[PDB]
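Visitor: What follows is the residue order along each chain.
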Amino acid sequence: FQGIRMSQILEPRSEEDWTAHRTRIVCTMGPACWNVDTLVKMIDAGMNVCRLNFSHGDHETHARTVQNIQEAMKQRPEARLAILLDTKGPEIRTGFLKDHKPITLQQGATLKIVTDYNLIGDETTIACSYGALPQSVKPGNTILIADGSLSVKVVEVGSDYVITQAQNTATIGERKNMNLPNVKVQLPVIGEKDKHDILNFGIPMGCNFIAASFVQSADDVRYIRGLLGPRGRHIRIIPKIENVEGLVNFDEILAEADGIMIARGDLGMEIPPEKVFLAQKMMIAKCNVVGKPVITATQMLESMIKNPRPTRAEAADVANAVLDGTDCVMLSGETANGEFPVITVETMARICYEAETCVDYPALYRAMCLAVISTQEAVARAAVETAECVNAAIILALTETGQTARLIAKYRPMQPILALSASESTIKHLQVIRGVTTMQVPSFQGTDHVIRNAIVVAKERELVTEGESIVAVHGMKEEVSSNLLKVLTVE
Amino acid sequence: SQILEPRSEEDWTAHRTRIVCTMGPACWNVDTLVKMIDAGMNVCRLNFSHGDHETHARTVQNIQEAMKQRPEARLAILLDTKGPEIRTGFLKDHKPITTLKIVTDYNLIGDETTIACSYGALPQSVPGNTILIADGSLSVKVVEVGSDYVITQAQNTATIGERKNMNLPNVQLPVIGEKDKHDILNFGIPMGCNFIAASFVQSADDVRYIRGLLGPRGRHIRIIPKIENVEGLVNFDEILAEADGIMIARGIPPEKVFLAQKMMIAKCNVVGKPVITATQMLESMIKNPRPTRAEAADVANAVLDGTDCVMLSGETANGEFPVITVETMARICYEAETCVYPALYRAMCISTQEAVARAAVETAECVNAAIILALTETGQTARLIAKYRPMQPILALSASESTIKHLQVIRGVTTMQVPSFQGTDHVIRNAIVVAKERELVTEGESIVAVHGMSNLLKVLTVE
Amino acid sequence: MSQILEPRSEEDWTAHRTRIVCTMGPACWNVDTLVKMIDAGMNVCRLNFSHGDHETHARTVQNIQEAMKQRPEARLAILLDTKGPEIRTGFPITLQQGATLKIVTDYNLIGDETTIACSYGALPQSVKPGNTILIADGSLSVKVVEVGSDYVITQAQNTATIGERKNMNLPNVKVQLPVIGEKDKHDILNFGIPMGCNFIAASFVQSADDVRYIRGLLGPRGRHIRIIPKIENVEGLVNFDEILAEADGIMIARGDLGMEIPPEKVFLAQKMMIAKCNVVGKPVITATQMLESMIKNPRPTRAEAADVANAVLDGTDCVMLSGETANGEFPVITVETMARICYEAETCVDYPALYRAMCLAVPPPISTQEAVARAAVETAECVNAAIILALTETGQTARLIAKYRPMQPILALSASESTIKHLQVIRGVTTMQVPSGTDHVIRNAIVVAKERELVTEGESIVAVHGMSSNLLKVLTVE
Amino acid sequence: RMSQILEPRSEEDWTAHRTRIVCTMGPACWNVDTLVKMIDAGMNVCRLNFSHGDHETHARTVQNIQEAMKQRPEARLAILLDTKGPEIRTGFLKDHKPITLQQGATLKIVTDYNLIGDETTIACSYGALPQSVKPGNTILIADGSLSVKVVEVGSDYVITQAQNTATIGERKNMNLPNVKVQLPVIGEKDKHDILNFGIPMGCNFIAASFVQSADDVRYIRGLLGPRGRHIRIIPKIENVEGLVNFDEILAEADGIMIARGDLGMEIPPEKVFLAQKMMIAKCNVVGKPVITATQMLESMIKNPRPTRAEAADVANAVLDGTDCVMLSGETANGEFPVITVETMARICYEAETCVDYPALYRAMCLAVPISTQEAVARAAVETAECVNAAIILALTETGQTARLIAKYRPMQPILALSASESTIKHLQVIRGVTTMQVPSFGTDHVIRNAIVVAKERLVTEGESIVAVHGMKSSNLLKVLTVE
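In order, the protein sequence lines correspond to chains C, B, A and D. As numbered in the deposited numbering, residues 36 to 407, 411 to 518, 521 to 531 make up the first sequence, in order. As numbered in the deposited numbering, residues 42 to 139, 145 to 172, 174 to 218, 221 to 300, 306 to 394, 396 to 404, 411 to 514, 522 to 531 make up the second sequence, in order. As numbered in the deposited numbering, residues 41 to 131, 137 to 481, 484 to 514, 521 to 531 make up the third sequence, in order. As numbered in the deposited numbering, residues 40 to 407, 410 to 482, 484 to 499, 501 to 515, 521 to 531 make up the fourth sequence, in order.
Bound conformation, chain C alone:
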């Protein structure tokens, strides 16, 4: 920065400013936002996507939640919130402790971890739910227990047990989660429960995305796609990257997927903490280059579960994800179990807006040109260039499959993108794309007509004014092709 004055960043933003941020916001449903009234307030605040966390709840309880989303949307007929099912997936847990009493292990003390899950544990020996532990872990390996509370180094392996040594002093309760840094977990990513949730809830309840916890290989993604079948053709797959296997297989996972969710907090249980930030950056960049949405999740605004303001570090952490290039930022417990769900959504919208203040759009556009072509991409690229060249107020992306909108968004134009589509599922899928807002349009509508309608609607809503330039892009037969770019003036 030079010639730009410090007092500039100290202007308060108006509702009109921060609600027009480009980054998309994902909110986890829960008791704190159980009722229709707060869901509506969350829409106004910036909510674009509703996450159903299937680690808890059942088909009945999540049905009530869905019914409430549908009611909120009746009060806001212009909002087309997407619904994301987030699977439970594989889990490793410690077993039970004598008298349910927590145990404290001392640094350098010996802990046996056994495979018999009936074993009632004590300070010296505990049970682990993962039967293949002794055949997964080797001497020198690290095992984390209770959200990384306790760290043990593996000293010896038997057939049905492992001898470990505490790396720190800690107090652990019973049935705590376990992590196996640098070790593949030999458990199905999509178990029978997950399969039931995808097929018997996700499909008939109108979920638009599946976020699949703990994806370890691209075969996991191919598996969900075949599971989804023709009846689930309108559902997009968002693998969650949570360990080393996910990281090591990232490129093949990304290629098979419709987008990525980066679970930082889980990744920090599986690799040195000082490397998670590198991984995030790398994974966002790779998603960007290929034009697929990336969600940044976990450890976002966690203090707001209890406080009406986030910490400095938290605001910075969210802002840097935006600057890394993230499509979405995600709230978890802050909205599910928080004292300030709507205030948390407004706050993240504000942090997004301020980070987007930092974005160099010419240098992002040219960075994508040096990193990446087809007819569709060339025209999307020409559109962004031309929009900038003629000082256009907005870019119209006319789109059936979403491709056209995504290709333009990929180039991070300074101008807002209005994606126009007759397809309901496409409009929903687009709620996950930075820089895009959405308008559903009737079927069998001519190109010019659709463009005419969008501009006059925009002019009535005081988004564009008489005389400003507009850039419209029409991808035709998007994934089977012919591509248009029109420049027109608001009358």
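Heads up, a few of these hints could be off.
Residues on chain D that point at chain B, a partial pick, calculated with CB under 8 Å [unchecked claim]:
hint : residue
1    : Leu282
2    : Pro308
3    : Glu309
4    : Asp352
Think of the hints as simulated: they come from the structure by calculation, not from any bench. Yeah, the Cβ is synthetic: ideal placement off N, Cα and C, and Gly gets one too.
Following the hints, complete the assembly by docking chains B, A and D onto the known chain C.
Guide: Only chains B, A and D this time, still in chain C's reference frame:
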């Protein structure tokens, strides 16, 4: 390395630079005009320094006949005025010559003894005066003034050619006289001339005057000032602003004349107005079936400077090898264009129309399009695309007969006549099919289409 | 990805470019711990004059000199961090949300639930209806409703219970107290100068006049001492460019700023201040809220590691540890992991893009000496140089090179002790003190560099030497 | 720039052109006073054309050069020996009377060089003509005034058909487009000239006519040996074989002369400009001097002004990036040898104002991994722009430092300082370099003496200078501010 590759006819006939040929007794007959079409002629120049309306009408009707044998061709016709010229006549065997008599009778085939003068009032405009001939190379002193002749003594030992300029100190002629006015009004308009090339233009007033003379009856005629003197060079900016294009002739040291050609071409380029380099290109080919190295290099540097058109004068008008000359001009242009494409686009660097024309040229490159289609009614879309010098052919589609003739002067564009079909997408579909039937595109190939006004760029692939 | 997942050796993370400031305290100030801290990455020792007496900081200094005996190649800089202006409440009371609280200028008044005393006598002059007043580390927030000549009436925004004589903050407001009080004056003149402190980190700097006053205070006897204003409030931020122009360098105090500014704007303020320090080549220190959890835990959190790395990616010269080293259970481990995070962070710095960005960002005209520094950076790149040598008396040559952020280590050779120590805050620089012609100074530095494995036979070196005229030399190691 | 076309270039201006001018010696600039005037006009190199004259005759010329330099002690002229090399000629004709061939006429060409020729038949001096050529080959006669197409080949004759109408005389030159001439590039005559004149007479360059192979360069260098170490070889590229083998020829060479007139007799005229541009750019990239030669200002043999076309051709060579431009008949055999050098210098000055210098350095970095010495040279050019320096000083013993700076084409003058007299001579061929001979010694001392003279003749107190030094091994670059 691939410098030494001989050129197939398919290759060099695809040259982008336009070729203007001067009509003359050596080439005006239907049979040789057809062979000239085949070799690369795009524009026919009628030089009104010579001959009458009857002569020039015969030339025009022959052009029409030639076009009936080559229906796909759309030769433009340029009228080049006489203007205030005072030039020497033709010499024996077209050979340059090394006590001299200058005559008013321009039928004289001159020699060392006596030469002719294009200015019929030369005797009344000079018994002791001085006359400079061939840009001040020969200087003569008038000994005697007769009725229709002058006797001079060569006050300098020098060698002079034919059709060379003559200055007369202590003697002023209008840019457009009554004879020029008559030619423009009574031939230019009724004979279907598309261009007026106005000799010795000196200011933008000259341009506006011709535009005033042309009026509504000549609205379809475009004006090309010739910059031939210092005044026209001094007023070039104003002249270009009013003009439709520019013609650079020879007629400040030569150490500085080379700067003038570069400056004037570059300025025409920037503004997308066509420029014709008409600077005595391949003069040896009046007598020889082959150019010299220096002549070939002279044309090539014109093309590299960015000229839209190169022009043949005596080489086609009074030459022994008119068809072969056009051919070797097509061949030179092609080699020069060979080393001319991402450089000119980034070196050219606005309105919506130009923003889209520029975007279309970039997409074409990016997508590796076979051709760029320029849907145009006034020619402007085609011109705006062309000024970006794309690597791919520009095919211009127009319902406007006169627009299609004006376009013959634009480097990089071929034309195709399209019915006034109120539908852009229909016109593109229809035109692609004829491009196939011309083998300019094949199935699978990419095309970029442009229409200006609502400005449009469309990328499709040929079925 | 797995290039990212390469488990780093001690040899790797010990070569990090970013400098590390550690705060001295009872947890670390013993000779043996200080030694382990040098090996871990510590480059600068901060003496926090907010606490302790001249005796405590003197023995600390003495312990640092002894540690340097165990490490002769190490040259630690010492930074005196001032107490500076303070506001304090008078003489524990709970007040619930919405309750009226009076704050008075009569400091001899013993307080209660309704009326409390303030040490800041010009409080009415500074504050107005609307302003917020923070008490006891921002634990209580009150809003001013009306102002009298010797009192202020406020409304509590949260329920809190406050103790006796706690701090106060005045968001968005200039505090009219001397930035260097008589106490700070004594600390600078009667400790800073005689104990050989190299930097003064001046707390709560609010204007360019504060910086000029300090340098005037230092005078010719403190010529060798550089001034690092601390940016801790809105007044400091608003006055940033004029403060920076007078300053030798800048310390960013995020936590403090977080008291006066919405959290969602502090990150912006950090970015901008670092960027401005870079473009002008003056060192910047990122302080507070670094690896705070490591006061009690042997490992940092994911979010803490990320926060540190982002400071590095923003362009910070130094990162600074506070309570982590001064009072923590793992002072040595904290430095090592700080060093480790810096290494990972510098692992994704685009050095061609940083040099290009800087070359386009810097305003003209650039000087002879800045032109040669640029040239050395580009030459180093074309030639695939292993290191850049900077022969410098004042430190300018080294600083100008470092601001262009070369891939290669910069080894700065100087005969000036103060210069060697000032360079400890400069990202990418390593120092070697020398006594006094270019030739055998260069030859000897190559020997040491070769043995340190920074260069091997047949590789190229770039040596730069300012003195006014500038030299740039490329040689082959032999 | 319209005012650049109008305002007349003042004396001091054109005198400072960057391009080097090579002048051919002969009767028209025979005497010392004319050569002295040519020095003032901008002559940098004197070419001796060994196609004519002998060792006595060319020795007189050198004496007159040595003497002209005594009147201009600051001038250091390079002398260049241009070999005759191999030649092909027609034979004699009945009654010595020239013959006129009509287009389409058949002409037999025989190998018996004793045959007195006819309208119907002539001899050729090249005995291997029929084995060199086949049906379809073109043969050019008398500077290409007559072209004939080969129709039939025998053991000792070829049958041809004229492609045009021409009249030709006796003993006229002949060219064989796209055919290797199997005659020594360095014959016994050429070897004698190189060893027995070139070396002992102090020539600085050999321009080898008609180089077809890199072996020709190696042969010449073998010839010169230890005794001719100080002599640099400039192959002349004149036919298809020189073009095919150009990269190899340039790799061995110290520089290149482009003989355009000759090339236009060997390849289509419309391909010569390509060849010229290509050859200059390649020389530029690798930092070796290139001379553009023949058909430069020919009309000035008889006229006090050149043609529009000629001027533009010289200018475009300068813009192509030529280091030197050469005059032949214009100074050897013309009426205006001084005026020709002069107008050549002014043409060079004017074309160099069109040069986009920052674009040249940018294009040079992308085209040319690169060494330590070239890195410091490039860093000097960049720093000079950056700092707005008056001059670049290049301290050099072999010339290498000066040549590496000059290939980056800085906007500022390069003042090269050397203790080596022959290096100073070699540098007469490098664009943008001026030369000062220095005593045989510290290097910070030589710079002070060069700043205390530039003040007299360039820089003024307070201006920035960039100095550069090599070891051609370490390299240095100083930026200092004039006293």
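Visitor: Against each hint, give a clear statement of whether it holds in the structure.
Guide: Okay, the hints, checked on the actual structure:
1. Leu282: Holds - the Cβ of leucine 282 of chain D comes within 8 Å of chain B, reaching about 7 Å at its closest.
2. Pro308: Result: holds, 4 Å to nearest chain B Cβ.
3. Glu309: holds (4 Å)
4. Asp352: holds (6 Å)
Hint check: no violations occur; every hint is consistent with the structure.
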